[PDB]
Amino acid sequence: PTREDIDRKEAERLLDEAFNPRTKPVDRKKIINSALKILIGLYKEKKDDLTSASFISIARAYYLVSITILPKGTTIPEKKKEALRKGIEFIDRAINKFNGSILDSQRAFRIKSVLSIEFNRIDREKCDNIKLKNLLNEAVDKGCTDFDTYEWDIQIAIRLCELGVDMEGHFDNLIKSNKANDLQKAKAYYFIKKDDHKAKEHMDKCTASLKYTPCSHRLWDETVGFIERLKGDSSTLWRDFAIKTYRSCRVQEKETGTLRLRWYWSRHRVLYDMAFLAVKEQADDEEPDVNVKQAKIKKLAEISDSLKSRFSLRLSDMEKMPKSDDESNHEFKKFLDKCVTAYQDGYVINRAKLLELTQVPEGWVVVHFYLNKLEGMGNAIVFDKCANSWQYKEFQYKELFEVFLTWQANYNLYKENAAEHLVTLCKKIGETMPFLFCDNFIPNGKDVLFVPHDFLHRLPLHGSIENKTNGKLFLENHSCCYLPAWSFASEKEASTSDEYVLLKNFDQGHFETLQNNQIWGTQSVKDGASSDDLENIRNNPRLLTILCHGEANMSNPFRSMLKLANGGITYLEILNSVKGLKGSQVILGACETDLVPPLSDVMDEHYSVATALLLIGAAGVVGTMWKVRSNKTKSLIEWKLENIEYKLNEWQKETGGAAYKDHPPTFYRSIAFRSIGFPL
């Protein structure tokens, strides 16, 4: 009708303006909504009718719709899948239309092919390779080779060439066209002419350009997919390609969002695993010099440390965000806006101080752990300061996980009575990693600093049992310390006062001898300490104990709060509030599982409040790994009050905590203590 053409011409302005990246996504979503709602009403008004030319527009607008519906998801969006699935149905009917025009059929087939490419990208069981191959062949048959004006033809040609269809007759115009990026040129060079120099140069240019692209961009996804394809073909370029891409990613990640932030795209774990594998493989060679091998092992440790630093979170958590006055109001909003704009950009237009790994005090041994997911392997890299040497080993972790899960499940039901499975877990730990008890790996009589990985953070590594008839414990011959990451170690000189503080808040008077000692400080709030009462210590004391409860949060680490006689002080609040605990020693009463949530997968990057205390400036924390009785905590507090010049492993050993064979409850109650922090 004469109304149909005018309506289509009016509504096409809004749909063609969608190729303008200037508009913010918050307005892009509403303008595309209007441009889609003007057209969809015609469907329910003119059911079983239309000119078959505005029918393709329903699918074309729907293709651009699944650009803003993708976010606000955790691991996979349920509406991005629906949008393409629905746009397929509204183009299948346009295909069956008998208009017979050449350009209209070409455009309809182009839209169908690109929608099917996206569907196959996000879903394989609903769109196999054979159907995509047939559809792309049909699209090529109609003459969809206008490479000089539309990048959709370039994408179609690249996808067809990656499948196994020879395309020698279009390579010249594919290369000549200026609307092709570096990755497309590299793919064309590699998959057609089997050349290597041009592919290396082009993808090197692409990787260099990638340094200024946020992680929300799809270019990272295409790059990782291409590198995976190269690895699958057993090529040689992937070893350097992975390392260069990892370097670019590490450079780009340093944006300093609240000093600890990420975006959680689907990749960035397989990329790190692939870089680790490439470095290890290129270090496995028999080079005539050992300095290059030492450099390679140091690079492996560097990669592990760079991965272990921060943690990622999802939009559901970074939206439902507790707020403060300084950082949460500005940095979080800026990061959110930057990430969203980056996500909705490439779909419109295509174009303290860190220390040194070798700076440790004499007589110290450092162990780095890494769990490889791409190959299901374990690693352990050690560095000896006196000998200036590096080593590495391997192990399997497929049954240690099951034993740990069994221990956790039994403990969650019978707290004390689950002490029999702790011995089994410790024995399994000792058997799985025998290099700990080897003189050629860790010399006996030294100090060990542990930097574990995801699910190894919850294992009592200091209570391992050697695999023999009369095996002994690890802490008997050594003295262990823990650290979530090497980036948390900072230079610190002990220049503090000599006062003691107390902060007690419990349900029953389990601590009666405590809170009545003469040595306690005058700023103690032993009768119901509150959230702002902790903020009243500013003289840098030497000891501080906080006897209270804890509240666990399952999704947001920033929402876990320390239970006090108030609304409670949270992770963000404890970072933004306490300013007077620098260089001191802290002791917590009894909690390590009241804050971290239970885990179901092999990975976990959650953090407790001990890391928060380490961040404000504390020089060390002492806590109990699981729930115990108040007698042991009170005895430890009194011992720490009496003296501070003695080690913790000596106290554990002299209390008869190494009698796991005789009384498992004694072992359970004794080996629950560990020390956090690195004495610099």
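Rigid core: the largest C-alpha set superposing within 1.5 Å between the two forms. Residue numbers count along the first chain shown, from 1. First, how it differs from the form deposited in another entry.
The residue among 178, 234, 75, 291 whose Cα moves by 2 angstroms or more between these two forms, once the core is superposed, is 75. Core-superposed comparison between these two forms: the CA of residue 651 stays below a 2 Å shift. Residue 42 shows a C-alpha shift of 2 Å or greater between these two forms [criterion: core-superposed Cα displacement of 2 Å].
Switch over from the form deposited in one PDB entry to the form deposited in another entry, please.
No partners, no molecules, just the chain.
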């Protein structure tokens, strides 16, 4: 009686304090825990003689608990589903009880409807659409239409109008309600009266307001789902809503989290695919003026480069961030707390320099790659500086992936003896992309820059074979350079010295003729080099070569390291420490297959240490795509020591880079070298 009432009042005070958006996520958990402890203590005694208010409070507390649990591994966790199920089961007996009041049933139906809406949102098999529709209709029949004072009934009405149940009688009250936001009003105008002017008017305001909200918010997910639903109905306004949302996201993303960070909500790939498709479709229309078509094709590459500019890591990797002095204390903590606060806020209240794409030196051609998962087609956008024109083309990639998987599986078992699958892979690359050997697409005798995409980063595009009787290789006509993204290019003037530095740390002296040459500098650590010696170069040398092993982390690219005579040096440590490598050419012997993990899917965005070197002022990195023997690396090092302005493609051409018909091992050993970076 009085004791139960007093305990219930204390629990409700705690819950109402926890519902305040001014609180922090740390204290909310403890407050909810104390409230649940009080309710369970009361229940363990008055199991059967309990009133409905206690059950309603317990269901509300479990609904609150379900919000504080965040995903960790790209999959919806099971604790969220368990909490929602327990809340529903707790409210079911209060519904089944024979009290006979009105407000009691009204509040119980409100809380059950919101719990079921959330449970259906995160899981569909356990809660079907028909069950939700029946429950919502039954709750509406009880009179849960107080749009002027509560938001949950507004949510119920919006969910009902999404399913197709008519709501003409309450439209005026819903629009008059002050608590409703622009997205809900746009949905009401669209799904009820089949009107588009007011829907556009309010959707523009919603998209403009999205510019200031972090991507952890549920408004982004709701807007992208609404755009997807509009597209699925063969409507018209999605082709502009997608572009506006893309613009808002591109503006918002520039928040400078370690200069490159991302939250990874589940979408943000479907939105970019839809924007790319809409721009391509509105570009394929026939207009007499060609300037609009050129602008649209340029915007396609702009969208591609905006997508490829950053990578995203999961929450469990963000919690285990290794500590540093300056960046770790400020930026990681600020970004993480801001993201968490934005995530938990929507469930309580309802309210250098980037270069231009056309700044390429005379005589160069740039090729952009995009892999559209939505329509299942590939793309390739080329820009010709000498003619100032834009072109694009399409291809299929569902069998090149299978051939690549076969090559990888055979290589990971028989390194040098799997050379008969590399030839097949190169021939498949040549057959799938016939526009690489066309004069209208790529003019012959010109330098080519490659900007690949998800699984094309690991294909030797420079060793293609033309689909004919005795077709030539791609490297016998052009010179090739690689770049993970166009945003990694920078202006650079080579005011460099003439010092050559060597660093080496091996278990055994595989290189003996090397380290005895008299051309090395005065700060070489030729045997037993450590991570502290890499940070001591201050004179901006001309050529730095590091010989060591590799170590890849399969989850966090920041923890990838080079094996030196110490604890090692990692991706983050190079960015934080090394400052004396501005304008210097770097030669690496780390066999990229050891620096990055193998792939088991179409997409990956694992950055190598070459990007870390490029971000601190290096002008170019040279390495091997797979594992070869030390004699080839030694020969490359001597050939580069003799002079430094020579081109790599001639070296690959004169040393058996075209003997795939006769001796496949020579081809395998010779085409493993490529240069990363763009000279300006």
